[PDB]
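Peer 1: The hints should help you fit chains B, C, D and E with the ligands onto chain A, whose structure is shown.
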Amino acid sequence: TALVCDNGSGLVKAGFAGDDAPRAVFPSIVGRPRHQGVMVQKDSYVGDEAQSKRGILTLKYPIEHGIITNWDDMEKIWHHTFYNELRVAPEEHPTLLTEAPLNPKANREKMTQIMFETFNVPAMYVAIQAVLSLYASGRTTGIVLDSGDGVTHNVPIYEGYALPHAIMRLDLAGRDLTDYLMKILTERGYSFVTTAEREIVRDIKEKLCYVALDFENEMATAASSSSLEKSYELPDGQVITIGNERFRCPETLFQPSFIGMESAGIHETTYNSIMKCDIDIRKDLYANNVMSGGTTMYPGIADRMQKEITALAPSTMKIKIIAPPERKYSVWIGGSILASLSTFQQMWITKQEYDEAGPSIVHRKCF
Amino acid sequence: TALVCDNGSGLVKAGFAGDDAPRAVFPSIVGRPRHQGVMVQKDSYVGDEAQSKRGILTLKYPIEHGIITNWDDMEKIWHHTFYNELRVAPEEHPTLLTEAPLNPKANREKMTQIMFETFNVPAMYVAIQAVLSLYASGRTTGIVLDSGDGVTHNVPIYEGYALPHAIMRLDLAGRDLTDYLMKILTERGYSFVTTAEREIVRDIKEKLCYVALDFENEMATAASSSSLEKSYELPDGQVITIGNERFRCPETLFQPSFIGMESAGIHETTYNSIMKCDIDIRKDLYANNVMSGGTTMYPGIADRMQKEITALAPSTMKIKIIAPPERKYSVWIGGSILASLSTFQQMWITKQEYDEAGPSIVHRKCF
Amino acid sequence: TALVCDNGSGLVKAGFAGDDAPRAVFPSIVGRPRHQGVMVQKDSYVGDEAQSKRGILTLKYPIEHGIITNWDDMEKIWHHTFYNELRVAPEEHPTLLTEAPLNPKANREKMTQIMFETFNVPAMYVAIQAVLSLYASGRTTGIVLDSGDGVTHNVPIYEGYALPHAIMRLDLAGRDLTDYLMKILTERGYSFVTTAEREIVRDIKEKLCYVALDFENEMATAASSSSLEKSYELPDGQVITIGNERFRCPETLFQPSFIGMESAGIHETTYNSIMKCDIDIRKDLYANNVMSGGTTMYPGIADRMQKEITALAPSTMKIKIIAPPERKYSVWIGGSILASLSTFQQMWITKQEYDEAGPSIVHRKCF
Amino acid sequence: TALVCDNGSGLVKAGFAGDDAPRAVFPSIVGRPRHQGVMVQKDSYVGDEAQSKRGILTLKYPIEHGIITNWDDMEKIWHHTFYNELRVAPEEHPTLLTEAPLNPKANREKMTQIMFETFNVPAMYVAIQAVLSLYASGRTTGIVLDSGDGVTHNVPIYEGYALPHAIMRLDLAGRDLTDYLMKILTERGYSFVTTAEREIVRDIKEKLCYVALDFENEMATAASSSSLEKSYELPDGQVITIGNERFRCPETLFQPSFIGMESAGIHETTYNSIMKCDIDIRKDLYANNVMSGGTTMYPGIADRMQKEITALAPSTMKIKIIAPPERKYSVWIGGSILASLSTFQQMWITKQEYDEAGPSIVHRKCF
Amino acid sequence: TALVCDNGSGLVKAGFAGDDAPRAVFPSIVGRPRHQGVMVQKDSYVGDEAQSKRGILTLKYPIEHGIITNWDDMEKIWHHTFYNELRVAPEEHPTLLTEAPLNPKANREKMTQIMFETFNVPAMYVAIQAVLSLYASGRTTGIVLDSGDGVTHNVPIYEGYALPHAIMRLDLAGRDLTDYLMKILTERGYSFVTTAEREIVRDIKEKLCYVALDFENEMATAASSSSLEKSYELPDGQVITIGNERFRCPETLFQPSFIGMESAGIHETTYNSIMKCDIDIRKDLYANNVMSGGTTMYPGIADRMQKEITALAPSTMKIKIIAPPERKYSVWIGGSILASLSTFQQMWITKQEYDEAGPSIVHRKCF
Ligand SMILES: Nc1ncnc2c1ncn2[C@@H]1O[C@H](COP(=O)(O)OP(=O)(O)O)[C@@H](O)[C@H]1O
Ligand SMILES: Nc1ncnc2c1ncn2[C@@H]1O[C@H](COP(=O)(O)OP(=O)(O)O)[C@@H](O)[C@H]1O
Ligand SMILES: Nc1ncnc2c1ncn2[C@@H]1O[C@H](COP(=O)(O)OP(=O)(O)O)[C@@H](O)[C@H]1O
Ligand SMILES: Nc1ncnc2c1ncn2[C@@H]1O[C@H](COP(=O)(O)OP(=O)(O)O)[C@@H](O)[C@H]1O
Ligand SMILES: Nc1ncnc2c1ncn2[C@@H]1O[C@H](COP(=O)(O)OP(=O)(O)O)[C@@H](O)[C@H]1O
Ligand SMILES: [Mg+2]
Ligand SMILES: [Mg+2]
Ligand SMILES: [Mg+2]
Ligand SMILES: [Mg+2]
Ligand SMILES: [Mg+2]
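Chains as they are written, first to last, in full-length UniProt numbering: chain A, 8 to 47, 51 to 377; chain B, 8 to 47, 51 to 377; chain C, 8 to 47, 51 to 377; chain D, 8 to 47, 51 to 377; chain E, 8 to 47, 51 to 377.
One thing to keep in mind: the hints can contain errors.
[To be verified] So the derived list for chain D, only partly shown, Cβ under 10 Å to chain E, looks like this:
{"#": "1", "residue": "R64"}
{"#": "2", "residue": "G65"}
{"#": "3", "residue": "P114"}
{"#": "4", "residue": "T204"}
{"#": "5", "residue": "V249"}
{"#": "6", "residue": "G253"}
[Claimed, not checked] Some chain C residues near chain D, calculated using beta-carbon distances under 7 Å:
{"#": "7", "residue": "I194"}
{"#": "8", "residue": "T196"}
{"#": "9", "residue": "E197"}
{"#": "10", "residue": "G199"}
{"#": "11", "residue": "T204"}
{"#": "12", "residue": "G270"}
These are computed hints drawn from the structure, not numbers from a lab. Positions of the beta carbon are idealized from the N, C-alpha and C atoms, including for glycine.
The shape of chain A in the complex, shown without the other chains:
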């Protein structure tokens, strides 16, 4: 049986191929103590253990914007995933890994070298995350908008063919929305500065933030009453109240200039990706907008995407956003489907063909 490990910038989703949900879901964090130990305590903490002790830790994400920046810490996370969360021996399970498109080549080359030389897996494979999301939805045609913690990317696929020249990638996702919410919470006098407090702000975002259908009408509503204001209790019992910050934070996805980015919002990027595709496949792409990832879980985002793309596309086109309730795990679920296919068993990169080609084998066997 194969292991499916979706290493996001934010969460690790790991499990066994054939299952319908990841067995292990924990934050992709390494924490190290930043204070003085006085009682006669590990040197670092991974995952949920780092989250429960974050008050005395400095928390580091080894993956930023889909790119592994700390390889020593990433190896701690993979080690924790295999031996503590799944409790398997990696040397007997083929491992399917995931990646964002348009990543640096050295990223998946080092993932291959570590899987084969540190964990000694028998076979591995690196899939593109948006492609796995289309497996999860049971489709062969559609434009996938995957947005997690690090990357937002669009991959148009038609009858199982990717249009790589139409792939869009935007380094604006959940972690940038968390940083923006931290910044605009200072307007109400709430100061979150440490890495542990950034975890509190992320939890505020996941519970209170939503996408306004019309942003300017929502700003006028929040300015005329308090029907939109909600409260949130902090870990120490302090209660904070937020109003228009609830929809200003997700609005950055549609207006990246809020955080100083020049790029277009996710609706324009989806439309630009479709318009780069051949005219004869555009109608099928308009009807099959698949959303996946945690950053697509905001209340009202599919209705907003529907409205924004409808305004860009021709009036005769039927725009349909496919936002399944389980789309937070679509990449893992699709990787579980793929790794269980009998047609896929020839696609693995085995340890034998890695020894005769080195880590560059991953560039000619994986899309």
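Peer 2: Below, chains B, C, D and E with the ligands alone, put in the same frame as chain A:
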């Protein structure tokens, strides 16, 4: 029962002798994927299946200007015709094939070798397309103007005798008009460049183009108003509007200098063919101008031919253009009539006389 | 009842003795297809059927200058005459045939062998054409000038006696005038070259040509105006105009040097024939010039003959040209009179006396 | 000194009387630009200048079948001949022109009117081309077969007397052979359609075509091997190979039915011309068959003519074909001899006698 | 004196006719501030001023693929060109403008309306860019391959005549190569996303990119060593190193499938354009391949074009690429030559004839 297969440059018309319409009509195209397959898809697509997936295919016509240029792809089309469209075993049906006059000898020699050695037909026959059009009209006398996708040819026939020295052939037909319409659509800012977009332009032509009775008066009318402008919705919902391009594209048939050809238009070519015939048969040829093929289906082309030839011929001659409503299938219908005649059953090239003479038997048994 | 068949070089005149006009008059031509048959058509065409399809035929005259040169084709014409035009069984009708004087002996010997062994006539007879013309006019004395398509001959007859030493024969008649008109029509740019176009020129001659009373005064008139120019519409609607060719073509009869012949014109030949006769019969011959045949049908030819012979003969002689309006059929009409005479019923060559003497019986029973 | 200008359908041969070769030989063509001029180029090009720029020109022959059909273009060619090729003033040189026999009268009438009123020559003369060929050979007796680009004609001459009734003319010559070679080159897939490509085909003919001694034995040889196949490099570097087309194209001269003509071949036409002559001159005509013109330059044509006429003539007659190596210029060389004769200086049509008679003077002073 | 303004998709080249180099060369960009102004700054920046402040601007090209898409911004660029770079009054200088072939009609109609109604020029003219390149090389014959920032086009010209049916246009040029280099620089971890960073990538391309003579041998060389790797210092002092990206970016010109285009490379397009021309001009076109524009400035592109076309053309043809060192300004230099010709002074569209015909005068006076 015999198979009648009219292999045009543009369409395959195939069916059974005795019927009144082809059973299978599909585009004579082979499509191959030009993008990267990512989901775990055939290697090539033929006919209507290539048309429905043309967004991700590069489309190739194996026949250009009546001449088969890709014999591997032509065999895919014949295989698709026999086994998928008609669903017959070719080894038990005599097969009537069609050809344009003044084709290279090797073209019908290779058609014979493939019918007898790849499909193992019991008997076959290659007829001239314009002759079959005269069978379809129930005549034995007339000058046939057949214009399809590849070839425009004139064959004068009198009392069942062809005048081969008066046969005219012009490599200017539907596909050259499609290419010209693509070129003049750039004047309005519409860019069609790929082979899939050429299929869209062909559909625009078949719906909006017509033959002006007086070209220069029509150009002045289109320049003074918008009564001639029509709209067309593209596959992706974009609406394009065209005005004088509607009649400028078919005008190339009467003025081949629009596409840089030195030859005369179809009206002068018809007249030159009649003037090469003996003076005593010209009056019967003037009264029996038979038009066939898809390129004669433009609205107003028989009225324009009538007016153009009347101006070339003597004033006492009665010019009559026979343009039946079913003339798009005249070659197939005439081949269906011919293959059902009891007098024709001695004309087949049987497998026995092919084995004692080789593929060159086709040159002494078929006109 | 007897059959009367006048086989001219140009026309067949056939009918029944006792009638006053031939029942069947058709061209003495055999046509064979010279093009490629493509529709699934006889091997040869005779008579009026060859004339209506002459555009695709090569036309052959089996009789040239009164002499049958193609015996297979002549038998097709006789077969067509008996079974298709007259619709009789030749084996029950005595057949009167005609011939020009001074023909080869083998010509009428083969006519006898074919009538008795191919058509099995009960009796036959070969008459001289000029003698039959004198029966048609009701005379027993006169010099007959018979001119058809092949031969012009003079036969002086006095009180029912022929003067055979005074018989003149000139191989210059209608077909040579047609060939000359074809040649001089090239002066105006009209090109008639094929055998079908020779039939068109013959029709021009029969409608527009006439005999000038004074040739040199007519040439000066045609050169000073256009009062003599006439138009003629060709079968394909082209209109041709001819001026002095109208009387230059018949002038060859009076000046055979126009076509390179050394012989004298028909007026000198008539006079030379009379001057070979005995002096005591010349006065009756001068008063009884009988003209017959199609080549004597030109407007103005009797007036020209009258003027030419008057200038040759003594001033005291009364020259009279007998040119009846029906003289185109005089040979047939006279043969109809002869074959109906009760005195002629002993003159037939019966099948019984042909079996005991062979085909040479015709030389001792027919003049 | 006199100018000798032989205006063929294909080439202009011009020079000075007394010389032994034409000074100017160039194609009788007028070219006009058929494309759009973009750089800031004459309106028409004549002769060799039209040949070097034929890629962007439409080429017109003003003479077709010996008859000048475009008088404006013919005047450009004469103007180019006098002022650019010979560089003379025509108003001081008597000009000998040539013509085919049996041409329209208006052709040489307009040549006379243009020479006297446009170029103001002092005197001119129109000779028959075949007669000049007999001057070139130094004979007074012989039957001349002249075949150029437009006309094939036979003129029998005996002791300086022409037999005009025996003159044959056939509108089948070099240009019809070029058109036929273009047609049968399509059997191998070579398409020559434009007027510039017709010039390429003419060059192929002049280098590769020959006359087979026995046509049917040559067809069997070409079908059993490749010893007859030759290659030819096109102007753009493409190499074409032709086999039996090399002798099928000249075979049309002996079998005009290849191009749909009903007439007899040049061997039968030569024999028919001799048989129209008086019996006492035929033996001298059989021994003096003079061939001239470019269409008699095929390798093997004199041997084929010798064999064909020997089979038609009586076995006791000595058939001799006189085919000199310089017979391509025989008409010009003979016209140079004639215009230099002291006996010819009374034969010119002077400007004085043209003013008192008009252009019709040419019909009573020139044969 | 005339103004010559070559408005490319990338650069403005402007100057005075008669000069040998453009006086003003600046980027065809409009920049607008995208940040918040805090110090108490224009609303937009044009040209080199937009390039020096691009850190705080969003940069827009008003011309895309040779077509002006933002007419307000294009008018800012023309205004900046006249009044700030050249420092002239446009109302006293005739202005020669340039355009790519096969542009929309409305593009040059709006250029004419703006020149006459906004800048009030006395006269103007719109030339085709490839034609001006042939003026710059001093030729009248040649096939021009012009490739700038927006368009690659081929125009074959022979003796000053364009063959418009053989004009090829490909919307793949410098800006598409810059976008592709941006995409493949992500393989090494370099992220350029903003419009200002696209200007940095364009500068990398112009300094480090070259055309490999053999692409697959170059890919093997770059994979076996580091002899091809070069460094580049970014504006902020960061040093980037690139290896095979140096020749993969220009390889898109020969393999447009790298960016998902179905079209053929520039070598096949040049050959297809020549093969659409008449066979008699192809040899002169093969010897006169003129390259112009900034996208032909890659090291090794003429050697690669020479090798690619040699492999397509017949072995006997002499392929010669004319790539002058100043070909980056060939369109301007040729327009300077043209606007100085005395023959061109009648070709201007004057303000007088614009008032009587409207902006559509440009379609009947300019090619
Ligand atoms: N209900 C929610 N509403 C808004 N954002 C959410 C929600 N749940 C998760 N997220 C955000 O999704 C991001 C990552 O989710 P995931 O799809 O697992 O991405 P990754 O694969 O990068 O770990 C996190 O930044 C988190 O804040
Ligand atoms: N209604 C129409 N108007 C104009 N053109 C048409 C129409 N229908 C078909 N055609 C053209 O006819 C051409 C071929 O038709 P067809 O007679 O089947 O030719 P072929 O035998 O070469 O396939 C195509 O190029 C198509 O564009
Ligand atoms: N009206 C006419 N004028 C002049 N020639 C005529 C006329 N009618 C017939 N002919 C000519 O008479 C010739 C033969 O007529 P006919 O007396 O029947 O001769 P034959 O007996 O040889 O057939 C033909 O060549 C025809 O051209
Ligand atoms: N060597 C050759 N072999 C065959 N044909 C030739 C040759 N040379 C010339 N011709 C043909 O001769 C024809 C005309 O030659 P020429 O005698 O000058 O005729 P004209 O007088 O009509 O110009 C041309 O059609 C040319 O193709
Ligand atoms: N040395 C060089 N190497 C490669 N590309 C270049 C070079 N110089 C300029 N270019 C490219 O040429 C393109 C435009 O140049 P130019 O010929 O001025 O085109 P335009 O007329 O469209 O402005 C730009 O995209 C630029 O990147
Ligand atoms: Mg993810
Ligand atoms: Mg067809
Ligand atoms: Mg008669
Ligand atoms: Mg000649
Ligand atoms: Mg440019």
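Peer 1: Determine for every hint whether it applies to the structure shown.
Peer 2: Right, here's what the structure says about each hint:
no. : hint : in the structure
1   : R64  : holds, 6 Å
2   : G65  : holds, 4 Å
3   : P114 : violated, 35 Å
4   : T204 : holds, 7 Å
5   : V249 : holds, 8 Å
6   : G253 : violated, 21 Å
7   : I194 : violated, 10 Å
8   : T196 : holds, 5 Å
9   : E197 : holds, 5 Å
10  : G199 : holds, 4 Å
11  : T204 : holds, 5 Å
12  : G270 : holds, 3 Å
Comparing the model with each earlier hint shows violations of hints 3, 6, 7; every other hint is respected.
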